[PDB]
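Enquirer: The primary structure of each chain is shown beneath.
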Amino acid sequence: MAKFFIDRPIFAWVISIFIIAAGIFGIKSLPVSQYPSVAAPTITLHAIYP
Amino acid sequence: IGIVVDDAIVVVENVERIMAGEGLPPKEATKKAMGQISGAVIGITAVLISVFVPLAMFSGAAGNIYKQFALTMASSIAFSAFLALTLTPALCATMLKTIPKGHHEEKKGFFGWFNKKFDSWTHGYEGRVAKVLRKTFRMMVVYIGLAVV
Amino acid sequence: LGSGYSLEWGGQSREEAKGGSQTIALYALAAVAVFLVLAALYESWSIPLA
Amino acid sequence: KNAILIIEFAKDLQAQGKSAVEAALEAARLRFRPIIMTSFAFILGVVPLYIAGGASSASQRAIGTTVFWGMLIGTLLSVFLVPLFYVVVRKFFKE
Ligand SMILES: CCCCCCCCCCCCCCCCCCCC(=O)O[C@H](COC(=O)CCCCCCCCCCCCCC)COP(=O)(O)OCCN
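Chains as they are written, first to last, in UniProt numbering: chain A, 1 to 50; chain B, 400 to 548; chain C, 848 to 897; chain D, 948 to 1042.
Heads up, some of the hints might be wrong.
Which chain A residues stay away from chain B? Per the calculated CB distances, all over 10 angstroms, these [said to hold, decoys possible]: (1) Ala2; (2) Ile6; (3) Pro9; (4) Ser16; (5) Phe25; (6) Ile27; (7) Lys28; (8) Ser29; (9) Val32; (10) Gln34; (11) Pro41; (12) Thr42; (13) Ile43; (14) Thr44; (15) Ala47; (16) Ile48.
Straight-line Cα separation of at most 25 angstroms, DSS-like style, residue types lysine-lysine; simulated pairs [said to hold, decoys possible]: (17) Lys1041(D) - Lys431(B); (18) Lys1038(D) - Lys431(B); (19) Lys28(A) - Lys466(B); (20) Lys1041(D) - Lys965(D).
Note that these hints are calculated values from the structure, not bench results.
Virtual Cβ for every residue (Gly too), placed ideally from N, Cα, C.
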């Protein structure tokens, strides 16, 4: 693997550029927040009996 | 940030040492370096990833935080290892000019001072290690005490 | 018209105001991808232009 | 990682006519410098968190203290203790 790429710098550069582009695209579509979602769901039932 | 440069540092240091101590053209000095240290990279990467693998296997708020930390750490480390294997050799063989004979030597100012200090530190460290190995019993009790503390 | 009178779109009009066109944006990506692939295959930055 | 960097090289080197002590000493001598480089790069990188301040600095300081001191002390102790571990383990669990 290491001997294959020692003779082909341009192919390695191409792979690196593809990785960079993928990273930028991923950054462009990531929501921001303070902390991850850690709260569990809850359901409340309301009743009235005057 | 400080962990993704370990493999590249290892590779570059090995190739630089070979070039400086053997006077070798970069293209095959790189191949020799890759042959020598092709297993250390994989060992280091496996060791690093095996500890962050279990963090992503818990539930709750703590589990969520652990997953968020561990997945990012592991993905970055894996990409760093792949890049060190793939791209580092190419640049080190093509974009790195030949080292002039003794170019690293004859440094003056801060660099020469630092080189002397580091040589002295290495000599002292080797002298201490060679000694700590003739007492394999007392040092074990010292280690046990350290662990207990 | 004074305040108290607004405007809304319907049917086909909704998406036009919701955005324009982005066909040119994607056409450029398909060229960069082809250039990168051809550069990797040829092992040279200059030939893929032909 | 720091321990394996020496253990693997010593294991490879002893397999060819090298005693345990000789292999351990040679491995330590050859692997010293990269270990220091890789450890202190991390230490200097994490220093910014150690002295954090401003908005949301409590968590930064909390993580920085532990990581910084653990790395420093662990590296300083390991660089001197790992060869002993290799020698003792090889001597007791023969083969
Ligand atoms: C000559 C050589 C002879 C070889 C020796 C002979 C063969 C002996 C083989 C013995 C095999 C070990 C038997 C251990 C029983 C398994 C213990 C429970 C495992 C379990 O519940 O799942 C784990 C729970 O961790 C979680 O994430 C959930 C939280 C609970 C974790 C607390 C459990 C304590 C774990 C301490 C270590 C236990 C062993 C773990 C390997 C996650 O693991 P998994 O279910 O996903 O399985 C990995 C599949 N890829």
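Enquirer: Look at each hint and say if it fits the structure.
Expert: Checked hints:
Here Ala2(A) does not stay apart from chain B, with its beta-carbon only about 4 angstroms from theirs, under the 10 angstroms limit. Separation of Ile6(A) from chain B is inadequate, the least Cβ-Cβ distance of about 5 angstroms not exceeding the 10 angstroms criterion. Distance check for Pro9(A) against chain B: the nearest CB is about 4 angstroms away, which does not clear 10 angstroms, and the non-interface claim fails. Listed as a non-interface residue, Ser16(A) fails to keep its Cβ farther than 10 angstroms from every Cβ of chain B; the least gap is roughly 6 angstroms.
The non-interface label for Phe25(A) is consistent with chain B: the shortest C-beta to C-beta separation is roughly 15 angstroms, beyond 10 angstroms. Interface exclusion of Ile27(A) from chain B stands, the closest Cβ pair being 13 angstroms apart, more than 10 angstroms. Listed as a non-interface residue, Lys28(A) keeps its Cβ farther than 10 angstroms from every Cβ of chain B; the least gap is roughly 18 angstroms. The Cβ of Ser29(A) sits about 16 angstroms from the closest Cβ of chain B, beyond the 10 angstroms cut-off, so the non-interface label holds.
No Cβ of chain B approaches the Cβ of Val32(A) within 10 angstroms, the least distance being about 14 angstroms, so the stated non-interface status holds. Non-interface call for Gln34(A) relative to chain B: holds, since the shortest CB-CB distance, roughly 12 angstroms, exceeds 10 angstroms. In this structure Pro41(A) is separated from chain B by more than 10 angstroms, as the shortest Cβ-Cβ distance comes to about 14 angstroms. The Cβ of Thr42(A) lies farther than 10 angstroms from every Cβ of chain B, with a closest approach of about 15 angstroms, so its non-interface assignment holds.
Consistency note on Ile43(A): stated as away from chain B, and its beta-carbon is indeed over 10 angstroms from all of that chain's, at 20 angstroms minimum. No Cβ of chain B approaches the Cβ of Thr44(A) within 10 angstroms, the least distance being about 21 angstroms, so the stated non-interface status holds. With a minimum CB-CB distance of about 31 angstroms to chain B, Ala47(A) clears the 10 angstroms threshold, and the non-interface call stands. Every beta carbon of chain B lies more than 10 angstroms from that of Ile48(A), the smallest distance being close to 35 angstroms; the non-interface claim holds.
Of the supplied pair hints, the one linking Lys1041(D) and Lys431(B) is violated, its CA atoms being roughly 33 angstroms apart against a limit of 25 angstroms. A threshold of 25 angstroms between alpha carbons decides the hint, and for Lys1038(D) with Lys431(B) the separation of about 33 angstroms lies outside it, so the pair is violated. For the hint linking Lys28(A) to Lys466(B), the alpha-carbon distance of about 22 angstroms falls within 25 angstroms, and the restraint holds. Only pairs whose Cα atoms come within 25 angstroms are accepted, and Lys1041(D) paired with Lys965(D) is accepted, the gap being roughly 15 angstroms.
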